[PDB]
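**Student:** Listed below are the residues making up each chain.
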Amino acid sequence: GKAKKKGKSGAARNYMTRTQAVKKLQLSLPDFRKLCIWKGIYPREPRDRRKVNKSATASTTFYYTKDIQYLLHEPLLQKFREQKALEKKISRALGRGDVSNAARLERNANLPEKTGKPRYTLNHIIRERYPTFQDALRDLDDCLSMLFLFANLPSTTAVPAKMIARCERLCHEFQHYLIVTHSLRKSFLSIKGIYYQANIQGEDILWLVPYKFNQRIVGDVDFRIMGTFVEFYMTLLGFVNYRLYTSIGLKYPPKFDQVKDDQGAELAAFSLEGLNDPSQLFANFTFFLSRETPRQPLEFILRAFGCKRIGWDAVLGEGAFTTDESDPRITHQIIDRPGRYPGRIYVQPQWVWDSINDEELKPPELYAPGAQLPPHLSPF
Amino acid sequence: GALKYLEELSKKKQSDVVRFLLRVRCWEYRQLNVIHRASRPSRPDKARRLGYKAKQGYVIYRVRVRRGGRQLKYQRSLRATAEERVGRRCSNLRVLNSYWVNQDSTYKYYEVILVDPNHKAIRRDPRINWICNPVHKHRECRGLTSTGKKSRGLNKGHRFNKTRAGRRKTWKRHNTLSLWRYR
Amino acid sequence: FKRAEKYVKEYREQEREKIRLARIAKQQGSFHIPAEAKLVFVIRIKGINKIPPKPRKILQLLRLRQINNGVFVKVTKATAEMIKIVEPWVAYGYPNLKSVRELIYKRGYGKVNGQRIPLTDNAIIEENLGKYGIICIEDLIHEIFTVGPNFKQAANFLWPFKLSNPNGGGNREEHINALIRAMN
Amino acid sequence: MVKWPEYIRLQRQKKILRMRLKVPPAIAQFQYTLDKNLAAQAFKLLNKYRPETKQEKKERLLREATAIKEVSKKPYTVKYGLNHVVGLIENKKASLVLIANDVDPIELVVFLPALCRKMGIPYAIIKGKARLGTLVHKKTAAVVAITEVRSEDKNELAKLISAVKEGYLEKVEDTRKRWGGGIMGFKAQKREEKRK
Amino acid sequence: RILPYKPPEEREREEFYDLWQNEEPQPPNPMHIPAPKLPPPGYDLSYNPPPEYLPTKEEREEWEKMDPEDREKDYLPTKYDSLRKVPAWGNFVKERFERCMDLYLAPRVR
RNA sequence: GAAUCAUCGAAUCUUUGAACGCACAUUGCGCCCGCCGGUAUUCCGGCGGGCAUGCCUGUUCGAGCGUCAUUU
RNA sequence: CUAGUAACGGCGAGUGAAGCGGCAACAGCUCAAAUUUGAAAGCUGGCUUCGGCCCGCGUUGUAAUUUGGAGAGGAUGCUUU
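Chains as they are written, first to last, in PDB author numbering: chain CJ, 2 to 277, 362 to 423, 448 to 489; chain LN, 2 to 71, 91 to 203; chain CM, 51 to 219, 235 to 249; chain LG, 52 to 121, 128 to 253; chain CC, 302 to 316, 323 to 417.
Hints may be right or wrong, so weigh each one.
[Claimed, not checked] Chain CJ residues, not near chain LG, derived (Cβ > 10 Å throughout): (1) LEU36; (2) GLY98; (3) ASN102; (4) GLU114; (5) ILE420.
[Said to hold, decoys possible] Some chain CJ residues close to chain CC (C-beta under 8 Å, calculated; not the full set): (6) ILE126; (7) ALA152; (8) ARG225; (9) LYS256; (10) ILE386; (11) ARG388; (12) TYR450; (13) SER487.
No lab work stands behind these hints, which were simulated from the structure alone.
Where is the CB? At the ideal position from N, CA and C, for every residue including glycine.
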């Protein structure tokens with residue numbers, strides 16, 4: 002015969018509130034939130050919130066005991082205390098006026114504004130979160146959607162231009178992986194942007210690339226939370242991109258020219274060395374995008390389907406085929422306006462997306478310019 | 002040579018600048034604890050002369066001791101009572117020496133130098149590693165400090181005949197009946 | 051309260067600039083540049099708190115008042131001397147195609163009815179200008195990279211670019242194209 | 052009403068006692084430090100002659116070592138340390154001496170204004186031993202000195218030497234000898250009138 | 302033992324491995340509930356849907372009259388003759404930010 | 001390779017006791033971390049590592065109009 | 001051994017050394033007071049492939065030199081590792 006309390010025994014031992022978890026971890030609220038993004042910790046729902054805590058509200062969020070214990074033993078938590086003391090040491094030399102000690106301590110800080118590589122190392126956390134490469138491809142769905150969205154957005158204090166320059170460089174490297182392996186299968190045009198579906202090892206990956214325009218960002222958005230999402234996904238991107246290149250044998254990272262990238266080569270500056362139905366579509370065809378057509382979404386698609394020789398305008402890019410429209414080598418020109450050479454077929458970018466989806470060579474006579482376009486369909 | 006100037010100033014201790022400092026410090030020391038700690042010595046010239054260094058393992062402690070008789093007089097000096105009270109507080113440390121810092125009508129104030137025998141800076145230094153040895157445990161309790169050597173009469177001459185090797189050892193020597201074999 | 055420390059400095063900077071400004075008008079306003087017309091992207095950086103009256107008229111002419119703004123200009127024998135007056139407060143350099151195409155895409159603002167609206171639709175472009183030969187943003191993009199006669203309105207349409215302040219990243238020929246990448 | 056912590060009250064009561072008790076002229080001359088303009092001009096010269104820290108001294112020794120594998130003049134730094142500085146002023150090698158006002162044992166600097174005045178070196182008294190440690194790359198510096206500067210700024214030191222002399226030294230001349238005290242408030246005046 | 306001197310500008314000139328090097332299958336624990344993936348893009352998301360998918364102008368006006376976040380669908384289809392006539396999505400970043408708190412601030416129930 | 005053998009450098013070492021989570025005259029009463037078994041993410045039982053005081057060195061956190069700098 | 005001597009004492013009871021000399025054994029030293037000032041040269045940590053990185057202590061003084069029958073500094077020419 003022993004007396005046992007209902008308050009101390011039951012669901013209160015299993016589930017813990019967010020405030021109790023923060024007090025136990027002895028961390029600040031943004032520090033606890035950021036550690037949840039990286040480690041994949043989730044609030045979940047208990048069976049009975051009253052049994053977990055008698056004084057509780059449905060707006061309050063609870064947490065599990067075991068993943069909180071993982072956050073207590075996190076090496077990132079030890080790294081947060083070391084970085085906080087190091088950030089105090091950065092203001093030491095600023096307070097002393099020691100410029101040289103400020104230069105070396107920021108170099109010991111390895112702060113991401115001047116480097117672009119993420120501040121913390123999460124190789125062990127990514128390894129624990131993803132047990133297989135298939136699960137990495139499953140989370141590559143939201144990763145590549147995050148990457149292309151925040152590569153189009155401008156620079157702020159959380160995401161500097163260096164980190165976007167690393168993002169657009171690595172996004173094209175993953176795109177160069179796709180155009181070598183011919184992995185892209187479905188392309189979809191939408192009001193939100195352009196959707197793409199590609200198959201890798203029996204797994205499908207979907208991502209959305211908005212049109213290159215000006216997107217309004219104002220309102221109530223947290224740049225810190227999208228920053229830590231990018232930092233988690235950038236680290237996931239780099240090891241996956243290293244795996245895929247080593248799987249296909251191509252060297253990683255690929256070499257590039259800064260002069261070509263500055264001149265506007267974009268996809269053309271990245272040269273890939275092999276050693277350290363898709364191909365039959367436009368197997369021997371020549372393409373010339375005009376000045377109006379979007380070069381970046383178009384160049385991703387036709388290179389993924391193995392078309393050999395493509396040119397565009399000089400003001401659109403660099404490192405391509407000859408700019409002039411008097412060359413007779415070109416068969417299909419992509420024009421969208423509201448020469449007229451008989452040797453050149455004049456066709457619209459809507460025909461491009463329909464021919465990729467159908468893979469049946471939709472007639473350019475139906476998709477002739479100056480006429481109302483047929484309604485295209487969603488492949489999904 | 003700032004400490005030569007401090008030595009001459011400490012000699013002159015009833016003068017206006019020092020008596021002012023001794024007044025304001027005694028008020029501060031009174032409202033602190035009895036056996037509180039000092040981050041730096043109040044008399045850096047006396048601490049230096051007595052063996053204190055600015056090294057890890059050397060600490061300074063300040064003690065207030067009640068003054069007066071025990091017409092019986094306590095044969096232990098007030099410095100010896102001060103040294104015994106630090107060692108019972110800082111039982112991990114070794115009492116090196118002590119010096120006077122302040123006075124009142126009710127209390128006397130002493131500053132005591134302690135050496136940590138378990139630090140690594142102390143064991144590495146051959147000028148202070150002698151105190152690491154187990155013979156020097158609780159020197160203040162055996163009368164082995166400068167106060168204890170004074171009160172035990174450890175000087176040389178006809179003037180200190182009974183106490184120059186220890187009076188209890190000398191009394192044992194002078195009261196022993198020595199009998200030989202071939203008497 | 052402000053000290054006599056700053057009074058002597060402010061008058062020393064004013065006499066130094068007045069001598070340099072009156073140097074410039076008294077001498078021939080000729081730069082060591084080829085006479086071929088070129089294009090400059092020019093950026094205001096805060097030089098001195100007080101300002102002299104001849105640059106006062108000409109900075110309002112470039113609408114270059116707020117902190118860290120940029121605008122695209124075309125050099126002539128006139129526009130050179132406009133640039134050859136306003137040196138300590140501005141930085142002048144030749145743009146590149148990647149730098150210009152990004153800047154308007156990341157930050158594109160237009161002027162209608164005295165309002166600073168973003169560049170949200172190409173239908174807004176035709177509602178703004180319409181009948182000047184332009185058809186979208188890329189028409190304006192091409193107009194920047196090769197100057198046409200309609201660039202005068204395209205400069206007037208385009209709001210000054212309110213760039214972000216860099217954290218540490235006279236003439237600089239390629240270093241301003243490093244400065245756009247550091248501070249965009 | 053509420054109870055303050057013990058060390059908070061003790062350090063606050065040390066304020067009132069220092070301003071109430073009348074102070075002998077050796078300690079009372081430390082209450083008269085220099086002005087904001089002379090401090091900034093002195094530290095403008097003194098920052099130019101800062102010592103080399105542990106990083107750029109280790110790199111500078113690494114310079115001469117790797118060059119010896121594969128010609129210097131006298132270094133000029135601000136001099137610090139009490140026994141080093143007072144040895145310099147006793148030997149008339151110091152040009153200007155700057156003394157902190159908050160040395161916790163005040164005796165370590167209480168002879169310094171008279172020794173500098175006897176020997177002939179002009180001195181000054183500044184706020185902050187932490188400000189002098191900043192110059193020195195230590196935590197605290199009780200005193201600093203300047204002995205010799207490069208020929209680039211022999212004139213700048215001479216103007217600072219004069220500015221310390223006619224701006225600080227010939228203004229505290231009467232207050233060197235005179236006692237402190239006399240900052241009694243309204244509560245202390247009414248209490249003294251009640252006692253008398 | 303000691304590297305020689307390189308001048309600090311040259312040091313600024315100076316300044323990947325396999326995660327699944329030893330990869331073995333791991334049984335997933337039943338307590339962890341994976342996040343539900345987004346739906347695939349439907350037919351009505353296209354910028355040029357069939358004309359049977361057009362609503363008329365009245366419920367486009369009724370769409371704009373009522374407040375946001377009171378909608379079954381955050382979108383309705385639109386007609387655009389050319390891709391140059393298609394503008395960028397207005398509330399894309401707000402949607403992705405709402406997905407962020409859907410990913411780490413709103414609970415899952417199995 | 002026997003031994004109530006000798007040697008002895010590796011282990012095991014219950015409750016107490018300077019006796020050290022609290023109590024002690026009960027094989028009782030609490031907290032932090034982990035594991036196991038029995039209907040078991042909620043219940044029960046058991047096991048493993050921990051949790052005394054004074055002091056020293058370092059680490060980290062906090063307070064104080066004590067106190068300095070901060071218009072270039 | 002001096003020596004139950006000197007010295008002290010209800011000078012009663014008593015108390016009571018030491019220098020010298022003969023032996024036993026012997027062994028000498030460290031600081032503080034100095035400006036390294038043409039360079040805190042010193043030291044605790046904890047991170048390491050261990051080969052050498054940072055953090056702190058410390059100028060209100062950690063090393064070297066020196067300890068008054070000494071010593072330092074120059075010069076000087078031999079002798080030592």
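**Student:** Hint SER487 of chain CJ vs chain CC: min CB-CB distance below 8 Å?
**Tutor:** 5 Å, holds
**Student:** Is the interface hint for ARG388 of chain CJ satisfied, with its Cβ closer than 8 Å to some Cβ of chain CC?
**Tutor:** 19 Å, violated
**Student:** Tell me if the interface restraint on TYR450 of chain CJ is satisfied: Cβ within less than 8 Å of some Cβ in chain CC.
**Tutor:** Violated - the Cβ of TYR450 of chain CJ stays beyond 8 Å from chain CC, reaching only about 22 Å at its closest.
**Student:** Minimum Cβ distance from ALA152 of chain CJ to chain CC below 8 Å?
**Tutor:** 13 Å, violated
**Student:** A cut-off of 10 Å on Cβ-Cβ distance, and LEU36 of chain CJ was said to be off the interface with chain LG. Does that hold?
**Tutor:** At roughly 34 Å from the nearest Cβ of chain LG, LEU36 of chain CJ sits farther out than 10 Å, so the non-interface label holds.
**Student:** Take a quick look at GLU114 of chain CJ and tell me if its Cβ sits farther than 10 Å from every Cβ on chain LG, holds or violated.
**Tutor:** 23 Å, holds
**Student:** Over 10 Å to the closest beta carbon of chain LG is the bar; see if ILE420 of chain CJ clears it.
**Tutor:** Per Cβ check, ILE420 of chain CJ is outside 10 Å of chain LG; nearest 62 Å; holds.
**Student:** Per the stated criterion, does the least C-beta distance between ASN102 of chain CJ and chain LG lie above 10 Å, as a non-interface residue requires?
**Tutor:** For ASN102 of chain CJ, whose nearest Cβ neighbour in chain LG is about 7 Å away, the distance does not exceed 10 Å, so it is violated.
**Student:** Tell me if the interface restraint on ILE126 of chain CJ is satisfied: Cβ within less than 8 Å of some Cβ in chain CC.
**Tutor:** 11 Å, violated
**Student:** Is the hint on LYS256 of chain CJ kept, meaning its closest Cβ partner in chain CC is under 8 Å away?
**Tutor:** 15 Å, violated
**Student:** Just checking, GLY98 of chain CJ versus chain LG, shortest CB gap more than 10 Å?
**Tutor:** At about 7 Å from chain LG, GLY98 of chain CJ fails to clear the 10 Å cut-off, so the statement is violated.
**Student:** Holds or violated: is the Cβ of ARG225 of chain CJ closer than 8 Å to a Cβ in chain CC?
**Tutor:** Violated, because the Cβ-Cβ distance from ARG225 of chain CJ to chain CC comes to roughly 11 Å (cut-off 8 Å).
Violated hints, in rising order: 2, 3, 6, 7, 8, 9, 10, 11, 12; the structure is consistent with all others.
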